[PDB]
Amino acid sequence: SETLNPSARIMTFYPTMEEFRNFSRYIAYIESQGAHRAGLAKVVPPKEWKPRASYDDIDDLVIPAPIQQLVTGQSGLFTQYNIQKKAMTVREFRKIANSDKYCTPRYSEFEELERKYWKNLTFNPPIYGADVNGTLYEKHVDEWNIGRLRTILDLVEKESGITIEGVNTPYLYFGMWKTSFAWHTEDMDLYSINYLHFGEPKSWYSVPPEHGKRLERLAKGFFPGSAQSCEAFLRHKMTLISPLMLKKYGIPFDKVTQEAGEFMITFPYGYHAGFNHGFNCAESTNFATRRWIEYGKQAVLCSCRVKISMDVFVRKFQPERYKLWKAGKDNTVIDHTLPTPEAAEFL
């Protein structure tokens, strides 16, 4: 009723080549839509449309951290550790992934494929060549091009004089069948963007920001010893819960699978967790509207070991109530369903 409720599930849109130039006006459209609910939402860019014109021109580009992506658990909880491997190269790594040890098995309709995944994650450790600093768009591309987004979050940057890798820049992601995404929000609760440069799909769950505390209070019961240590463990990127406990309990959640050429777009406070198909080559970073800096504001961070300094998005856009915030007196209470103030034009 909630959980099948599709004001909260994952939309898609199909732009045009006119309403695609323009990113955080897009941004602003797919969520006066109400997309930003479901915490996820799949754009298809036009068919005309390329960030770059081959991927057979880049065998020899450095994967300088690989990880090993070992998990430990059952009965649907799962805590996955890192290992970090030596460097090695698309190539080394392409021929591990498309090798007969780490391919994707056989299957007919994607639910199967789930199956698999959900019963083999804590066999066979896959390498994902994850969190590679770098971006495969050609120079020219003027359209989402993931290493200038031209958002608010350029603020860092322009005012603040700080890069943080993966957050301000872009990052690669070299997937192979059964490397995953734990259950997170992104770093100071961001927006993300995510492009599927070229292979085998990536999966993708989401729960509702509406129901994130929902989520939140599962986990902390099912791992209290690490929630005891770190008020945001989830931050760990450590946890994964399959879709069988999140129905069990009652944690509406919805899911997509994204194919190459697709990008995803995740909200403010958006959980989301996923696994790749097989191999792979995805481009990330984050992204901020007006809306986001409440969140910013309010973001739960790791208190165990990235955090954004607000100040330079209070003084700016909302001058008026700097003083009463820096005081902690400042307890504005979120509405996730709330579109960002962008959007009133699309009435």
Contents of the next structure:
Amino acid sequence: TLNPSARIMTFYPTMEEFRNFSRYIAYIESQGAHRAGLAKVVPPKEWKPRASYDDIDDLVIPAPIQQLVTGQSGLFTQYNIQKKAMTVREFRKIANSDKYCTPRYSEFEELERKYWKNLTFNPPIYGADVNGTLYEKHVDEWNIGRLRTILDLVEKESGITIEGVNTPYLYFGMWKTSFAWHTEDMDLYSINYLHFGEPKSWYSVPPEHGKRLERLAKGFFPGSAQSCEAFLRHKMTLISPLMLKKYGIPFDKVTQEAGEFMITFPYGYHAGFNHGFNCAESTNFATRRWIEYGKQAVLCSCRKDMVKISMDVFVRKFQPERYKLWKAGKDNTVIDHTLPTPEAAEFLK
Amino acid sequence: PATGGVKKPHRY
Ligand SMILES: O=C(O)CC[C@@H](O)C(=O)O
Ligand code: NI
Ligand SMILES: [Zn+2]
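Moving on from the form deposited without its partner chain, please list the structure of the form solved in complex with its partner chain.
What follows is the entire complex, opening with the chain shown before.
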């Protein structure tokens, strides 16, 4: 009953609700936000993660990537070519240059049409996956560098750092730069804050319909699926909404504006593109509900360096009564994507 | 090892 349309919801927390992060996530899930697989959270007007973004021109983007895209009829494959390092000011000059700047347009639908029509032309540069944060160290609310969720158990118990997952990543985008369809590593949650600049548009498939998308993708790229079952985790696959609609895959879209947060939920597939020069900060996080997803996540093993997280510490601590069975490989739990996370019980009475 | 890796995808 809580958002049975499974559409993307937007929330407006007061400063008081905003202070406790994991508690608010539990709240929006009690409101059915997780069903769409993506949700927007507009922070209270008083809140600000940083006083000014005018002192970062010398920040270096170590490995910018040029996005070469090949495809047709709504199905594409993206090849990220690493380019020489450059500073933000240099990236900005190129981003706003006449060659890569956002084309003129009226409504969003028009820009979206131009994106899908020209994505294989004039390959843009994306300052993606950059180690770092732009938050001021005194910001305690929704600080992406320290969210305080159970995902912290990984670093606290194994002392293992997985950059981008338990640490923040910055993304400097320009017109037409894209992020392919995927769910988070280990099917975790993700938080994405657009610090400044032009918008970032998103597409999302309800977690309860995720398999349908995987099925559809496997059909479009049989060779890729043959080489790796979780090939989508390679983050190279682009699929247009027209193709999603044509094959009956449910989905929704939303545009994130500067100063707004986007939360992706476990096993929630998403993809998108940047409208123009901008900067976003992202990382992963977890809740008790994620644990079962982590245990059942289909992983990529055809490549080195892929993110892998042992679920042993979570099962042992949060599901001690199921731990022995699980180790024996006999845990047959079935995930119900509609159910909110346990921490939400508080808001359901 | 059981836990490790990096979020950044392999580039070309
Ligand atoms: O900004 C991007 O490149 C996409 C980020 C999105 O995949 C996320 O989960 O934060
Ligand atoms: Ni993502
Ligand atoms: Zn793979």
